[PDB]
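Okay, handing you the structure first.
Removed from the display is one protein chain of the complex; every other protein chain stays in position.
Order of writing sets the chain letters: A, B and C. Residues in each chain are counted from 1.
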Amino acid sequence: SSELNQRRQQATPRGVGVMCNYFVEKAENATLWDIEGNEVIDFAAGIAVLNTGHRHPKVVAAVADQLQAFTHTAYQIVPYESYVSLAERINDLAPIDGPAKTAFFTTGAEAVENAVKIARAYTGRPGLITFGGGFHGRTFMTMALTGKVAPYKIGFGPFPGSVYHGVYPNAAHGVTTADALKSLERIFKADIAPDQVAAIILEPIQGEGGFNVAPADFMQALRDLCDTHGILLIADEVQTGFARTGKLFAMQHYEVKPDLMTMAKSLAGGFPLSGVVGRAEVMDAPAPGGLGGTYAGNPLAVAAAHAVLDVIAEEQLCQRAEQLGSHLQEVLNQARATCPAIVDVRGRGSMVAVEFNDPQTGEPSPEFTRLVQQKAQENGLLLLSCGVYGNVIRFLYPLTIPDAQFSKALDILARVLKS
Amino acid sequence: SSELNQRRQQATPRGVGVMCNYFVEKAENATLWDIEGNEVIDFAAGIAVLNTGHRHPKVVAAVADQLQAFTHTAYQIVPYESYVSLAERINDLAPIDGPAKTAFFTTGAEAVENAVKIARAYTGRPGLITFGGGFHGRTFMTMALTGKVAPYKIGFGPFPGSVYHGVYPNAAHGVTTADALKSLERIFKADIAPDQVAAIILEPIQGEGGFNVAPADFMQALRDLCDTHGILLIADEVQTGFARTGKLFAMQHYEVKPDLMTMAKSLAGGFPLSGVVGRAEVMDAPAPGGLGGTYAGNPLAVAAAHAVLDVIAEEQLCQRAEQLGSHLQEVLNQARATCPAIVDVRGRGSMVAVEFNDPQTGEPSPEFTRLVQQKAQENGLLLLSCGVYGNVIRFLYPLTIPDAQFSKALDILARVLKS
Amino acid sequence: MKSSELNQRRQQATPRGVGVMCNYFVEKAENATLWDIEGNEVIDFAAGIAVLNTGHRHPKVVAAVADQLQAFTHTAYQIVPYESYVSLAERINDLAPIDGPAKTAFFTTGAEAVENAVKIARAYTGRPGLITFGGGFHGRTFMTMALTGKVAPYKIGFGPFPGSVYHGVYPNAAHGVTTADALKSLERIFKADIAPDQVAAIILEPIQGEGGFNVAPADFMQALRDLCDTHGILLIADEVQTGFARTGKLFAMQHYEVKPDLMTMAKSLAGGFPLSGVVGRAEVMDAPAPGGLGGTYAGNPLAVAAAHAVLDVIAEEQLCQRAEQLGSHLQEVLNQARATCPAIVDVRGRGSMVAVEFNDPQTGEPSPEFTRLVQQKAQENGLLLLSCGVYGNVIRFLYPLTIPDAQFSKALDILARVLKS
Partner (left out) sequence: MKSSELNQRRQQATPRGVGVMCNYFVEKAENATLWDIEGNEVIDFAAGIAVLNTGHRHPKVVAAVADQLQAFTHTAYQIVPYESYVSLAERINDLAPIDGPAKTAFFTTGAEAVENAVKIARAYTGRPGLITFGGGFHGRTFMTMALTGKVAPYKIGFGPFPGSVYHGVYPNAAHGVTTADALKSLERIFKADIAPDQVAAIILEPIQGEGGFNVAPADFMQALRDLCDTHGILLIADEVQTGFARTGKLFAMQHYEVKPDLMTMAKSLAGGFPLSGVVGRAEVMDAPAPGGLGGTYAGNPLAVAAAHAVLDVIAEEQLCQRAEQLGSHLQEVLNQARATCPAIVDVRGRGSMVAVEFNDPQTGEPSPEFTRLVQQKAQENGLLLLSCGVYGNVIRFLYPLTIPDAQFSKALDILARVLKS
């Protein structure tokens, strides 16, 4: 496959970075097959894109029937009842105070993008506040909202005004909830007025930021100041959504609820679909024709996104996600005594991660974290990187992993840490 | 259905407007079936996305075959062979001087968005110039690039700086090529320096602008303008691309070649995929990791794109387009004499349109466009509106439409213009 | 001590970004006469760029400044106010072309004046948008550079510039741009760039200063007034250069039946002293909260005292009528020189804001060289002339309105001789 590696280097730009050396041929559940027969259990699931697994039999049958019905029709002209079919369901499952309304789009960056458009149309305000280490997409506005410059926005500036970043709460790094809230106070006193901020966008637990959970200390306080200053709270559950946090949405772990929320990735279980759900009054702010997109709500994707929403419940992967999470929680917790480089492990449900620090100084180092990288797939196990420094392994296995599938990779994960 | 629509209003926001309120059941080539089994000839193809028709036997077989393989990988992690030489297949076919390289994404707005990121990474310049009436997407950057405020960006401002709009040459409306070039010179002397403009983006034929073809002298001068000031000429062929204009890409009708090209819509023939092609060195300007997207290069959509390029070649849809549109153009000019409202008949290939003005004045009638919209509606024929005044009908039938199906629709079209 | 020594010391001590036009350095100035450090007497047709309509060191202005010099030179008005600030504001409120009650705030520079007009407009409407016109000049600060409609050289190298700022086309039917063309550009901005319900103000000069002395037609101004009336936009008139008797009236807006919502004043406001101001409808001016407006030097006591005498000199010496008398005589000469000099393509202006445009006869393409040759020969004859326009082919005549009749006659003789050569 070495010749195809170079066939790509001369046909697709260097900007599309790719981690693993080998290509894909077939995928099942959480097991990937290379071109050369190698079998690797997927602890990545394409970045939380397949909570219900690679090619789950139900929605693969739901996309097959949806195929010979219609593949595309542009919902803006000819609508389909499968669009209203899901908008009904998520409006009943989303943690939004009062009546909820849902619009669907294609990519997750478009969901956060449209949440900004709806937040701006309802508030009439320009301001948008995110947090350091937060990731919200790769388009112009979403890169501005993203809190990691390299490599996400290196060389694509300048970026629009009225967008600033607070500090995300993180007791593991010595920043408290008060430290986080004070950075917001410093933005209101130096950057932009509170009555000029349209929305505060927030990952319930940060995805590419290092799997750091926001405390209920932070959320209830956050809900308070936006209610004071007329700001809308937006929860970005593109990565944390759909049963991986032990519950359907990570915001269900909290008592107060966001006015808007963006969803994608495993929302369709491996097919291009995003969406925005929120309060009926705020979502109804843009005028007709203001929201759209050609591929918005791909009929095959809404059919699968309907399907995972049945695997949601009959398989009950919310309860399983807490059972997978808590055991791998234990595997790395006595590996903590065996492997000294572990400084902390964190996660809710099975959205779990482990941070590794070099012993001489407690600074990160991604090449011990990334020493585990190679040993894992050397054993046929694909683990993804994370963090502001690259020092955190995030475990993104599908929720549909058989238990023998899991314990294999778990004890293989026991061998990567002591070598 | 009556309940079906009102279920749709309480579940989905008013922002996502919809044209027809009959909901699709079935789709095949250029035929659409609705809740009541009523057969409608499709002259929209979901906005030029189904150039090869609804569910083409070749691309479904390529899509169903890819679903036996895998759902999705996040190309960023484990890549495909599907991705690479679909790009090799477009690198040789795209009108790009010298070696070409191709990256793939999902939505057309993303392709335009990434074409800007590549233009910014290559030139280090912030500036971007588009034209009034142009449409480039609905995200923050693409809304600023779009040259129509209503309804695509009412309530979503403020918009970023260094984005200005020239005037598109509309020789059928008093705007010459010299007028259009002077608008660009006026931007250079008042808005932003030329050596600060990274790219000039335009559609070879304005899609929602009214199907205004760009004259050859305007494109030649545009090439020399960017050549003189180090600007990159981006061609937005998301709507004009893939055999609709008689040739593969609309830029092939000109001797000048753009530095960058954006594609989507009929690229995958009813599946979510976009892409950017251009000179090898400029597209490699972004750093590894700067370009990305989780759904980018969807395996099924890549397999669908592979067969779409097969279909238009073996079925000779490039040559078919112009003979479909030539037959359409002459029955429009036959009705030109006994109908008083036709003021112009624009189009190239099968990207044809006809503009209506009120007979007593020169103040266009959307109603007459809606009235003729309301006649083919009750007569089983779906066509779209466009133009800055909503007074021109665009003919976006699938190129795969059978001859008897087309001859019927033109008959129906002739009757609705007379009355 | 000597000029070239000073020129070298200048280039080694100051940055090249501060360009200098003339070879010589000033030693003494009075009315419309300049004496360089070598004794050469120069007829000033620039007046510090339309700053000394009342002439250099007018006795009444100097006597007013010398008097204020024995009281106080600065107290920071936002800390300790003074009567002269209030009285000058009252005088401006009466004379300003403002519909209804007016209020005035004083600042230091014309760019600060435009800046505070923008700030006032944004506070009242709550909207980001601002629309100017190509060829407009409104200052060199970040926002005023964005408002300025000439990239070279005011904006080269200082980008990127803020959003919600766009430029229409200023009408000059002497170039093929009608009022209808100008309004078409505005409606194109409204349909492509920014919605009219998001534009706070439209800003234009009644006569474009360095834009070539192009006069806004009443056609254009009335349409702008109704357009802003319909879409809730504020009409800001930048009279920094046109203001104070330059155009035959105290303010160039008085030539029109249309009144602006806000107006910026500077340059000739203080007759050679640092002062600027904003006057407008009281309801609009009161939009910013206490503390939102200011500036340390704003309303300098010496400059406010000077502006008091300037308004006095304009009235007591009838300088508005003088500007019309002088300008009519100037257009008389420039148009007689039309028969003897084919390069003259246009003679435009109002009052003593007169200009002449030059083309190369071969085609209708500007001749900036012929413009420079006229400047150099006038300098050779001791006459300082400023160029302007988008192509540098326009010579503007900014003589002080107090220029003696005999000196003006000699300058016109120099003008006729230079135009034939």
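We take it that a contact is a pair of C-beta atoms (placed from the backbone, for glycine too) under 8 Å apart; a residue touches a chain by one contact, two chains touch by 3 or more.
In the full complex, the chain left out of view touches A, B, C. Interface note: of C:143, C:233 or C:234, the residue touching the hidden chain in the full complex is C:143. For chain B, the residues touching the chain absent from view are 124, 126, 158, 160-161. Of the residues in chain C, those that touch the hidden partner chain are 6, 9-10, 13-22, 24-29, 34, 36-37, 46, 48-49, 51-52, 56-57, 62, 65-66, 69-83, 85-86, 89-90, 93, 103-105, 108-112, 115, 118-120, 122-123, 126, 128, 140-143, 152-154, 156-164, 266-267, 272-274, 282, 285-298, 300, 302-303, 384, 386. Although one chain is hidden here, its contacts on chain A can still be listed: residues 126, 132-133, 147-150, 153-154, 157-165, 167, 186, 188-193, 196, 388.
Everything below uses one rule, namely that only the chains that are shown with their structure count from here on.
Computed centre separation for the pair chain B/chain C is 48 angstrom, with centres defined by C-alpha atoms. Chain centres here are Cα means. That of chain A falls 31 Å from that of chain B. Among the residues of chain A, those in touch with two or more other chains are 126, 158, 160-161.
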